[PDB]
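Next up is one chain by itself, shown in structure tokens, the form deposited in one PDB entry.
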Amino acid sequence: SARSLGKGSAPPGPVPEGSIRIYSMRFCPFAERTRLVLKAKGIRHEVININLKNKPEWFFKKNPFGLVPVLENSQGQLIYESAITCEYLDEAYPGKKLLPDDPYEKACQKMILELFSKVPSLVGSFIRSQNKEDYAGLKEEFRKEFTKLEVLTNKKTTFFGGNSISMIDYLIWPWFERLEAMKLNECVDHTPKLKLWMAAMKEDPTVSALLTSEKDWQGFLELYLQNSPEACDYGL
């Protein structure tokens, strides 16, 4: 019963000792960031999915912005903005550190994130565009932005922060996952490193574990395009 909560739903009880809770939506790439970090760190947690068309009134008490993801810990603290939530999880929980100890590498990873920053909007505006015109230009935009990542980051290692997967990879992944799902892999045909990086990413056990199937993505997508409240719950 991972079915989303909507208007009229009971405000949830307090997050139990030993857990953290994520307010999420199954097809939200921003929330995927958080879930990737949760999984990679082996963090014990609860998921509550939020129906984004039919939002529970109590949800604006969780995040004044009314967006997912939001973390709520067992001390009743609330954290929103996907990047903030990922950084918090890495700092507050034991195990493999996803952010490097070194201040420059940390900074460089945030600089990479900033290079990637145009992509999410391009992806949303693609899904939500129906004119032959806007496809052509959006494609050009994809090319431009992907070369930025390819050329400006000057990756020499398998992943964006070095030889092992780390925060920066998990931060950008969801939109590359979506790119594939949208059959847009050819947008990275001119960017050899980025292209290889995608293949390496899919071999990662955490990335692998959180991939959404073609079936489920398409199911969400259909209902999303019909502006249906049931889109969030596709595939059950």
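Under this definition, the rigid core comprises the largest set of C-alpha atoms superposing within 1.5 Å between the forms. Residue numbers count along the first chain shown, from 1. What changes on going to the form deposited in another entry:
- When both forms sit on the same rigid core, the CA shifts between these two forms reach 2 angstroms or more only at 155 out of 97, 155, 110, 143.
- Once both forms are fitted on their core, the CA shift for residue 81 between these two forms remains under 2 Å.
- Once the rigid core is overlaid between these two forms, residue 164 does not reach a Cα shift of 2 Å, moving by less than that.
- Once the rigid core is used as the reference frame, the Cα position of residue 121 differs between these two forms by less than 2 Å.
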Contents of the next structure:
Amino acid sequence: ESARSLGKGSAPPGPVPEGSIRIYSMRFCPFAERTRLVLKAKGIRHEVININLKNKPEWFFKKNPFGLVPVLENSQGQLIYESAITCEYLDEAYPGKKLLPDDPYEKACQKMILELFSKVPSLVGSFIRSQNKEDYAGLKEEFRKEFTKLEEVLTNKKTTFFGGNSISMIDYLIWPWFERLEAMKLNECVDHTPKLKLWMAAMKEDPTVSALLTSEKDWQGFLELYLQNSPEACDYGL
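Structure of the form deposited in another entry, please, following the form deposited in one PDB entry?
Left out here are the partners and the other molecules; the chain alone remains.
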């Protein structure tokens, strides 16, 4: 019940309490998962408001002019949007495990890997446009070309994760699209990328990843409603 989304007609929410940060999220949004993985990895006390992205509250555009999740709002009333900006803000503003390195070059390397990854989220988009076994063969080739680039980074570094032998920001920033691969029937696309495939196994063992992972049944329930343009897609399961 508590996780039910707010949509059109919902009262603007009150001030974020001191000692807490608020995320405007949607339970199946991969971009907002980035921000929730960081909040959990850093142990930041927070509250979640889920937004019905099919049936947005008008007041939500006061939080983010683009009308997109994720959005952070703190007790001072500051608003931060764009998933990679929300994650970096949280790593700098809060104590705990640093997810980005302090060294400028190593930090730039994490960003360059994110850049290597930057076509993957629009391919997941495009997966919607796949109607038949022919489009599905092309889609799989497109994922393979992108995954080879990430495979090369792990072969150069010979580390468990993209930022070294410990999980760091860059892993959490790319993870949500890998999480969705099995439910999209694109698991085979890591078959030519053995290190990327072991990276996925190591990610699923991470306490933070494991605490936020959605079951394939849960993601399928969402997608089917999403693809009808159902106002209930966002509240699948509730």
